[PDB]
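Given as C-alpha cells, the chain that follows is alone and in the form deposited without the named molecule.
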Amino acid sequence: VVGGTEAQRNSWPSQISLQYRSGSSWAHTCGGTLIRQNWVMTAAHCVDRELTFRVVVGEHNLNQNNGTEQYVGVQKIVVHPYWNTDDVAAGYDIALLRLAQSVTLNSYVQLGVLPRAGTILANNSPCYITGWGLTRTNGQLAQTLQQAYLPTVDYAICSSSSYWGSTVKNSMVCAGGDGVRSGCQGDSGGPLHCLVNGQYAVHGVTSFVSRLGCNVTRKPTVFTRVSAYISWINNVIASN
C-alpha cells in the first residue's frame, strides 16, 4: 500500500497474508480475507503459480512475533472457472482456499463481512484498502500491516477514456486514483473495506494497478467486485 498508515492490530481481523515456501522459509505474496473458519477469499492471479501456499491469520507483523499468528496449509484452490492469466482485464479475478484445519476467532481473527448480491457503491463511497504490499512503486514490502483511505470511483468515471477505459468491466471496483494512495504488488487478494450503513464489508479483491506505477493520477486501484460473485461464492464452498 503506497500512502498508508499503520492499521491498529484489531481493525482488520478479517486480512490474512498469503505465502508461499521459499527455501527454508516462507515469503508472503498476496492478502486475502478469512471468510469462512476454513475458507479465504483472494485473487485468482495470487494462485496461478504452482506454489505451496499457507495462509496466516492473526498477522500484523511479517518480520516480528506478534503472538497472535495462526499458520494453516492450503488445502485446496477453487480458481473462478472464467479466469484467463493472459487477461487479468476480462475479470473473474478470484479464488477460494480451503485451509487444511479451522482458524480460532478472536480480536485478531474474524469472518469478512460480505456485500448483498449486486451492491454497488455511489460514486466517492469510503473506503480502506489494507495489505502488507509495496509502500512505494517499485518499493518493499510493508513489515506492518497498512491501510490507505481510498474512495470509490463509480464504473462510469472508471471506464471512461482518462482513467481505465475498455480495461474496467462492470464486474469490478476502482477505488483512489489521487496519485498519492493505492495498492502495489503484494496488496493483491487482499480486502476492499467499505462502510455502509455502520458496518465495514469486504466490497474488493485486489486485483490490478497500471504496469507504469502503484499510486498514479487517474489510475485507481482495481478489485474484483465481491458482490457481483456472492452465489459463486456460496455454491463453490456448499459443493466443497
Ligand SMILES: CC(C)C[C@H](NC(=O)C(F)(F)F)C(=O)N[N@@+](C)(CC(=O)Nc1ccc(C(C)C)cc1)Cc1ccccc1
The other form holds:
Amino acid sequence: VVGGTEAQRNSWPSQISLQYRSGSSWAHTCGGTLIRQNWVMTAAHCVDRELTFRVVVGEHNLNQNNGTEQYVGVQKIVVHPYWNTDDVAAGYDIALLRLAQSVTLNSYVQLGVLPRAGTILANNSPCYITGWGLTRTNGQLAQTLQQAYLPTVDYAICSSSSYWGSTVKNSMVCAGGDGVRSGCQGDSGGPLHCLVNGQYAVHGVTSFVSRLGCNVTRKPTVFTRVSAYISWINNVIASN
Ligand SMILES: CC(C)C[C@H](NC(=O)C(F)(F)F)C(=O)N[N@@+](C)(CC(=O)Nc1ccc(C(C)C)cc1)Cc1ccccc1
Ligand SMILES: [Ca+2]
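The form solved in complex with the named molecule, contrasted with the form deposited without the named molecule above:
Now the complete complex, all chains and molecules, led by this one.
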C-alpha cells in the first residue's frame, strides 16, 4: 500500500497473508480474505506459478511473532474457469483456496462479509485497501499491515479515456487515483473493505495497477468486483 498508515491489530481480522516456500523460509506474495473457516478468496494471478503455498491468519507483523498467528496449508486451488494469465484486463481475476484444515475463529481471525450479488457502489464510496505490499513504487514490502482510504471511482469515470479506458470492465471496481494512495505489488489478492449499511464488506479483490507506477494520478487501483461472483463462489464451496 502506497500512502498508507499502520492498521490496528484486530482492525481487519479477515485479512490473510498468502506465502510461498522460498528455500528454507516462507515469503509473503499476496493478500486474501478468509471467507469460511477452511476457504480463502484471493486473485487468480497470485497462484499462476506452481509453488508450495500456505496461509497465515491473525497476522500483523510479518517478521515478528505476534502470539496470534495460525499457519495452515493450501489443500486445493480453484481458479475461475475463464481466467486468462495473458489477459488480466479481461477480468475473472479470482481464485478460491481450500485449506488443509479449519482455522479457529477469535478476535484476530474472523470471516469476511461478502456483498449481495449485483451490488454496485456509488461514486466516491468510502473504502479501505489493506495489505503488506510495497509502500513505494519499486520499494519494499511493509513489515506491519497498512491501510489507505481509497474511495471508489465509478465505472463511467474509470473507463473514460483519461483514466483506464477500455482496460476496465464492469466486472471490476476502481478505487483511488489521487496520485498519493494506492495498492502496489504484494497487495494483490487482498480486500477492498467498503462501508455499506453500517457494516464493512469485502467488495474488491486487488488485481492491478499501472505499469507506470502504483500511485498514479487518474490510474486508480483496479479490483475484481466480488458482487459479480457470488454464485460462482457459493457453487464452489457447496460442491468441494
Ligand atoms: C501481475 C499483474 C496481473 C497484476 C499486478 N498486481 C499488483 O501489483 C497489485 F496492484 F494488484 F497489487 C500489477 O499491477 N503488476 N504491475 C507489474 C503492473 C502491471 O504490469 N500492471 C498491469 C496493468 C494493466 C494490464 C492490462 C492492461 C493488460 C496488465 C498489467 C505492478 C507495477 C506497478 C508500478 C510499477 C511497476 C509495476
Ligand atoms: Ca507475525
